[PDB]
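One structure follows; several queries about it will come next.
Presenting chain A:
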Amino acid sequence: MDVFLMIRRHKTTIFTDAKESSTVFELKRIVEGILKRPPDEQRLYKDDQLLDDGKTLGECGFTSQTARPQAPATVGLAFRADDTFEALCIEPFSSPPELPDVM
Partner candidate 1 sequence: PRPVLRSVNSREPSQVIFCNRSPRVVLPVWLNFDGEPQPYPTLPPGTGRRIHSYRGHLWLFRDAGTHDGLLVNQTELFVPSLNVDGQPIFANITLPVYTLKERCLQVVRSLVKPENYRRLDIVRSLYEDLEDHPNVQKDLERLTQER
Partner candidate 2 sequence: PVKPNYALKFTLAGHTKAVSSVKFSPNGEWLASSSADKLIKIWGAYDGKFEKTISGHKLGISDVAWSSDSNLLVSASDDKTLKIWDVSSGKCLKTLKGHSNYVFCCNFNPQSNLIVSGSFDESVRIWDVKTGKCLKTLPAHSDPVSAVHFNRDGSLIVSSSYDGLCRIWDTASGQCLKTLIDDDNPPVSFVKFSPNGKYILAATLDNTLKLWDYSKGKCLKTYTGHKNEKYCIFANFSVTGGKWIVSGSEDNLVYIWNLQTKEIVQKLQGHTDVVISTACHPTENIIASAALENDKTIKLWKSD
């Protein structure tokens, strides 16, 4: 299987994919590539559940039926530095207008 993810933090959002058979440590080595912050310094969450570095992506509830390319599952990102712990904050996207009366 494959899983399609939005890894979000504040007004940042990373589009990326991985295998259901991937550890959440693997997902942080990807993020380490892009943001240049190693996995010890990262805390990934499914909504509001911290994810254990050893668990598989499918373990946590990331299926190919829930994390498709056209509608990927969201993954919360907060950082950490020694004994100081940045809080998970995901800025919501813009809103659409009201559907025009013709629709």
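Candidate entries met the following condition: all candidates are chains of the complex that A comes from, given by their letters.
What we mean here is this: a residue touches a chain if its C-beta (ideal position, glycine included) is under 8 Å from a C-beta of that chain, and two chains touch if they have at least 3 such contacts; residues count from 1.
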Chain A in this complex - touching candidate among 1 or 2: 1
Sites on chain A touched by candidate 1 in the complex: 100, 102-103
